[PDB]
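Below you'll find only one chain, the form solved without its partner chain, shown as structure tokens.
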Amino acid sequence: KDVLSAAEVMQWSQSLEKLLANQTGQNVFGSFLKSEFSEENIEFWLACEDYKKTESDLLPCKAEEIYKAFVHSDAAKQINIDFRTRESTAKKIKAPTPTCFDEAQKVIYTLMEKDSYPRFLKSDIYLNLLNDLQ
């Protein structure tokens, strides 16, 4: 049973979306973001994915947790969304639906796609993993 291949790790360079669809890719990208003090981005993104599959009754609580942990001004982990996206997200928190964090999530996905994802693909973490598998 193969658990990882050079081919798979090559595929992660195709799009951030392929990297994030692989649990190990998430974990390795995560580790690089953590070394770079930007892991709030992927953690937020994964929390949003987990919010979207949450049962209706627990959305108010989950939304409040995600908001305090990441979005709120006084977050340990404060994500870099713009002021207007933050203000509108804050308003959605008080009566949340499954799409509450879609706007903020999109911003953060883009921030990763355009900044830290390319850098990761040029990191030792990524390039060592890739080459030493071959």
Contents of the next structure:
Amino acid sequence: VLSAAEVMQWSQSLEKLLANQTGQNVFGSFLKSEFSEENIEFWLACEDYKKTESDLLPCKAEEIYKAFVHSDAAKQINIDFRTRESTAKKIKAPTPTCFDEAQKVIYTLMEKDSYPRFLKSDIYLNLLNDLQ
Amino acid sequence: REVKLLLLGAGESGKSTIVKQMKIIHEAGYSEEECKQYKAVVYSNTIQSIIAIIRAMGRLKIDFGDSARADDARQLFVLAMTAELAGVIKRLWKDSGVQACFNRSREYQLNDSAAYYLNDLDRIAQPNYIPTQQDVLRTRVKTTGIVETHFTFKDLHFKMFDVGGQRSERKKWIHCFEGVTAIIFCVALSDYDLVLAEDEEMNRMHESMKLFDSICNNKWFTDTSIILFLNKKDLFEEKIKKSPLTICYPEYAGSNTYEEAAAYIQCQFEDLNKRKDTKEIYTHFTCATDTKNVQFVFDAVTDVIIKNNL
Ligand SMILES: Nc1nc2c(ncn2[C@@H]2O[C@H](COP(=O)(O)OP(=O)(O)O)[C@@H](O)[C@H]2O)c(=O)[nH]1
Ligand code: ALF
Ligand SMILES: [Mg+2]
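Switching from the form solved without its partner chain: structure of the form solved in complex with its partner chain?
The next block holds the full complex; its first chain is the one shown before.
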């Protein structure tokens, strides 16, 4: 089961928070309350894409591009033109690292903006304090 | 006696900076411990700023003044605060060619606080460096989503909503749009010769205008006080000397002087109002990083809200 120490270690880094599926859920909830959950949903879609098999990457790449990257995506991630263009070019003949560029920018965006606030929120504090 | 306040505007127009001023003016300042948490941000800003200029140089094919800077630039990329990194940054920043590329920052994407930080590197790079309140105000952190803040002023309880920014964030704005008492719509005056980070083909001020046209005239805001912050007027004052307003407004027939060109921009936005009979735009020229100026302007804005919901 989930620990207290474990939750405190979530303040060490975003990587430690996203390391486990529990922390993903809790941070996910926070992003939903701030209307920015598409960032984590995208990050998770990239992670699955990496473990996805050589054969099915063309479809998985197109799917993720349409769902998150394209101008008109319903869950359009906040990335600049140069990053969106270079992702666009990679969708045609996609390799496993296809979305690394965009993934890094959405991690940095979550890490620098959303995450410092998460650590000061009711969701996190109520979780932490109720386990002690 | 609640006031629902929206901070809206395009990416990098100053919305989060006004939110910071609200914490300073109404919730009493940034402490020493809070300021120290912004050290990493200031460093990250400074570092990503000098890197952006150096990468531009490669793409624009600008030479270094002195070719020994080539090894500094390489070191910058590998390093990226140490005394070594500080010295790398200082030497790059003082180089004739990096400066040349800096003055051409309209051709790529550069933080507006680059100079502020890079010109004070001696102060920032000291081991016992504690960010000043102004250093905090000048920091850059891209906002994604919608963030709600509370504060009380003149016995009014403000529920304030701060939003992103970029085209991608704007679809999410609808979820704030109910029961709005006031909108502070921010525009970056100095964006008149820049291009959208999310679309290299669209002039930033043209975007801001189209966005204001949409918000100002929206039927959800018929009973909402629309306040327009023509912000970054300090950056604008410096820039209009160097870079003609005709890059943004080809028909502009007036002089490249702070006061005429500022007036023209104001009138371009104020003409977008399609209900001039029933509705007034309350316009203020602001400098969001100037606490004194935001305190005076916010006091006026709050009086406009009292008079309009009275
Ligand atoms: N010099 C100057 N800098 C500003 C002004 N307004 C905002 N900034 C800076 O511009 C950057 C972007 O501001 P920010 O509040 O994050 O824009 P946002 O995307 O609308 O939230 C920050 O580093 C601010 O310090 C201004 O009026 N003058
Ligand atoms: F570019 Al922004 F908030 F609109 F970070
Ligand atoms: Mg912001």
